[PDB]
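Student: Starting from the given sequences, assemble the full structure and let the hints guide the process.
Each chain is listed here by its residues.
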Amino acid sequence: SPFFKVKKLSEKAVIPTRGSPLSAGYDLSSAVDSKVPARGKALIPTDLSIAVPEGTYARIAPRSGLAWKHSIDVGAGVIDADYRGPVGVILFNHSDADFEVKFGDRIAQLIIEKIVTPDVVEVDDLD
Amino acid sequence: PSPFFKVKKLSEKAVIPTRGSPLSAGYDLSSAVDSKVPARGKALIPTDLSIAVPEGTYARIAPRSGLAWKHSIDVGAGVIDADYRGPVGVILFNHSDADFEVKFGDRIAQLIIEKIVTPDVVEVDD
Amino acid sequence: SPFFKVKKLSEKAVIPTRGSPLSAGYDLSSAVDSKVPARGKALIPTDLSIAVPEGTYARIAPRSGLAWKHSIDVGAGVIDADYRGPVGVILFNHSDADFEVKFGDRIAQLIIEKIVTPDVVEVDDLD
Ligand SMILES: [Mg+2]
Numbered sequence: 026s027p028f029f030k031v032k033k034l035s036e037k038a039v040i041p042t043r044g045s046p047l048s049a050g051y052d053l054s055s056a057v058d059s060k061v062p063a064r065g066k067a068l069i070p071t072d073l074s075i076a077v078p079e080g081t082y083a084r085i086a087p088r089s090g091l092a093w094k095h096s097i098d099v100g101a102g103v104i105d106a107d108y109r110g111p112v113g114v115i116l117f118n119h120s121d122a123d124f125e126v127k128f129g130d131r132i133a134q135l136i137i138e139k140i141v142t143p144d145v146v147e148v149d150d151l152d
Numbered sequence: 025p026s027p028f029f030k031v032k033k034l035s036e037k038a039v040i041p042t043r044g045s046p047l048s049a050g051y052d053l054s055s056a057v058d059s060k061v062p063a064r065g066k067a068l069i070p071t072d073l074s075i076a077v078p079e080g081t082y083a084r085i086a087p088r089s090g091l092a093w094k095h096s097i098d099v100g101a102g103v104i105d106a107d108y109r110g111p112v113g114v115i116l117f118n119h120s121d122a123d124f125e126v127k128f129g130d131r132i133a134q135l136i137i138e139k140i141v142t143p144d145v146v147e148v149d150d
Numbered sequence: 026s027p028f029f030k031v032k033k034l035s036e037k038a039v040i041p042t043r044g045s046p047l048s049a050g051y052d053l054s055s056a057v058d059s060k061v062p063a064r065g066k067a068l069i070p071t072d073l074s075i076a077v078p079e080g081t082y083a084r085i086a087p088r089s090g091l092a093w094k095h096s097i098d099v100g101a102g103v104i105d106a107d108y109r110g111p112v113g114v115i116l117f118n119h120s121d122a123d124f125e126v127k128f129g130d131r132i133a134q135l136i137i138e139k140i141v142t143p144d145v146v147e148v149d150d151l152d
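Chains as they are written, first to last, in UniProt numbering: chain A, 26 to 152; chain B, 25 to 150; chain C, 26 to 152.
Simulated from the structure, these hints should not be mistaken for lab results. Errors might be hidden in some of the hints.
To be verified - Sample of chain C residues facing chain B (criterion: CB under 10 Å; computed from the structure):
1) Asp-52
2) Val-103
3) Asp-107
4) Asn-118
5) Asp-121
6) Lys-139
7) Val-148
All C-beta atoms in this analysis are idealised placements derived from N, C-alpha and C, irrespective of residue type, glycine included.
Tutor: See below:
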C-alpha cells in the first residue's frame with residue numbers, strides 16, 4: 026500500500042495536490058514571500074513535514090513555468106523516506122534578473138519515485 | 025500493462041527517440057530546429073514529438089553527460105506527465121560563458137521513463 | 026532481486042554507504058583533491074565502477090548541504106545499468122566562491138531509480 030502522509034507545520038501550509046489526473050507530482054506552495062537574487066538562491070519553506078514509503082523517496086522536482094519564464098531551477102531535492110524535518114525547496118536563479126517568490130506560489134512539485142536499496146557487494150569484476 | 029512508449033511526430037524533422045545500450049536508461053532526444061543556448065542563458069529546444077508513457081510513470085527529460093562536461097549544459101524542468109499530449113520541448117540552461125549551438129537532429133537530452141507511486145495525499149499529526 | 030555491485034579502481038575509492046535504513050541514496054566520496062571554480066564546473070572521480078540491475082539506473086544526485094552552503098549542483102548523473110567505466114561526478118558551482126574538494130569529501134549521493142525501457146513505437150495518433 027503506497028502512501029503519502031503530510032503534516033502541516035503552520036496554518037500557512039497548503040496541502041500538496043496533483044495538477045492533472047495522471048500527473049507525476051504534487052505541487053508545493055511557498056509558505057513565505059522571498060526574494061531570489063539574480064545568480065543566487067533562496068531556501069523556501071513549505072511548512073510541511075512528510076512521510077513516504079520505504080522503497081521510494083520524495084523528489085522535489087522543478088516546474089516548467091519557473092524554469093522557462095524565470096530561469097529558476099530546484100537544487101538538492103532528495104527527501105529520504107525517514108526524513109521528518111520540514112520540507113524546504115532550494116531555488117537557484119540562473120538569470121541576471123532578481124525574482125521574487127510570493128506567499129502561496131507553487132515553487133516545485135514533489136514526486137514519489139520508486140527506488141531499490143540493496144546492500145553493496147564489492148567485486149573485482151562487475152560482469 | 026505491459027509498459028509502453030508511443031511517440032507521434034509533429035513534423036518530418038522529429039526523430040524517433042532511441043536507447044543507447046541494452047540496459048540503457050534513456051531514449052536520445054533530437055532537436056527539430058537549428059537554435060542556440062546563450063552563455064549563462066536558456067533555451068526551449070523543440071522535439072516536434074508528442075508522446076505517451078504508462079500510468080504510474082512519468083517521462084523525465086534528463087541531461088546527457090557529454091553535453092554537461094563539454095558545454096556546461098543542464099536540463100531545467102523536465103517532468104513530462106503520463107497525461108501530457110502536447111509537444112515536448114527541452115529546457116536547457118547553459119552554465120558557461122560560451123553559446124552552445126544546436127543543429128537540427130542533434131541529441132540535446134535523453135528521456136527516462138521513471139516508475140512512481142501516486143497515492144492520495146493523507147494529512148496527519150506525525 | 027536488486028543488487029548494487031561496486032569495483033574499486035584504486036585504493037583512494039570509498040565504498041558508497043547509506044546513512045539510515047530509509048535513505049534513498051548512497052553517499053559518494055571524492056577520490057581526489059580538487060575544486061569547483063566559482064561559476065564553473067568540475068568532473069570529480071570517484072575511482073569506482075559499478076553495476077545495477079536491468080530495470081533501474083544509478084542517478085548521481087545532489088547533497089542538500091552542499092547545495093545550500095556552497096551553491097553546488099550535480100550535472101549529468103545518469104549512469105546506465107550496463108555502464109562499466111569509471112564513475113565521475115560533475116559539479117556546477119552557482120556562486121562566486123570557489124568550492125574546495127578534499128580527498129574523501131562526500132560530493133553527491135547515488136540513487137538506484139526504478140524505470141521501464143519498453144520498445145519505442147511511432148504512431149499516427151496518440152491515446
Ligand atoms: Mg528520478
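Student: If you check each hint against the structure, which ones fail?
Tutor: 1, 5
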